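Given as structure tokens, the chain that follows is alone and in the form deposited in one PDB entry.
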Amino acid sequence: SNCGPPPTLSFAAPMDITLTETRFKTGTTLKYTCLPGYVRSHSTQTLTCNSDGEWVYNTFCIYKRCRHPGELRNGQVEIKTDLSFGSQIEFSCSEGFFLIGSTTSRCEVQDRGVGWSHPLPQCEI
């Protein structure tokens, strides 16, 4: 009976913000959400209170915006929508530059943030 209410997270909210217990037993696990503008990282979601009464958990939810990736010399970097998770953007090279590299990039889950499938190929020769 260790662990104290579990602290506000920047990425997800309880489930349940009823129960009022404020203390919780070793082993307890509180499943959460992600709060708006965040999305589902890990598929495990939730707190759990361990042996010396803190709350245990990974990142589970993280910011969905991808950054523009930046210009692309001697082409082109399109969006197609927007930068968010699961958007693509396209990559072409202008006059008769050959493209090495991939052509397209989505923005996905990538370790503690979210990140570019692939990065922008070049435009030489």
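Residue numbers count along the first chain shown, from 1. Compared with the form deposited in another entry:
Looking at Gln45, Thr104, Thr28, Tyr63, the entry at the hinge of the rigid-part motion between the two forms is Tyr63, while the rest lie more than 12 positions from any hinge.
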Second form
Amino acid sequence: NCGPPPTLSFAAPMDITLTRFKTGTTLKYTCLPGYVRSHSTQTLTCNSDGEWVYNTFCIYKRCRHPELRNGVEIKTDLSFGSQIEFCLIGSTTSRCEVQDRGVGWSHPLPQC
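Following the display of the form deposited in one PDB entry, present the structure of the form deposited in another entry.
What comes next is one chain alone, with no partners or other molecules.
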């Protein structure tokens, strides 16, 4: 018998609120805002040994590509939670964040 499911950073339960669980229980999960389904199923399963089996079935959504006239350093990537460093009027940085059923940049481009 399984205990509470682990806390995933990319998904939350889809039809239950957060106890113990019978073997063979299959909880359906949904990708958190800012993530997209990367596997055909999105489930956590209680195995015969009382543990939860699952892989990573969501991945970061990616913002669109950021040109600054008279002046953009992508330090990592364009994925959810990443930051770009912007010549000097405006913001010096922008982050990929959740923006209305999708992702987007926190601030638009600055004025050089």
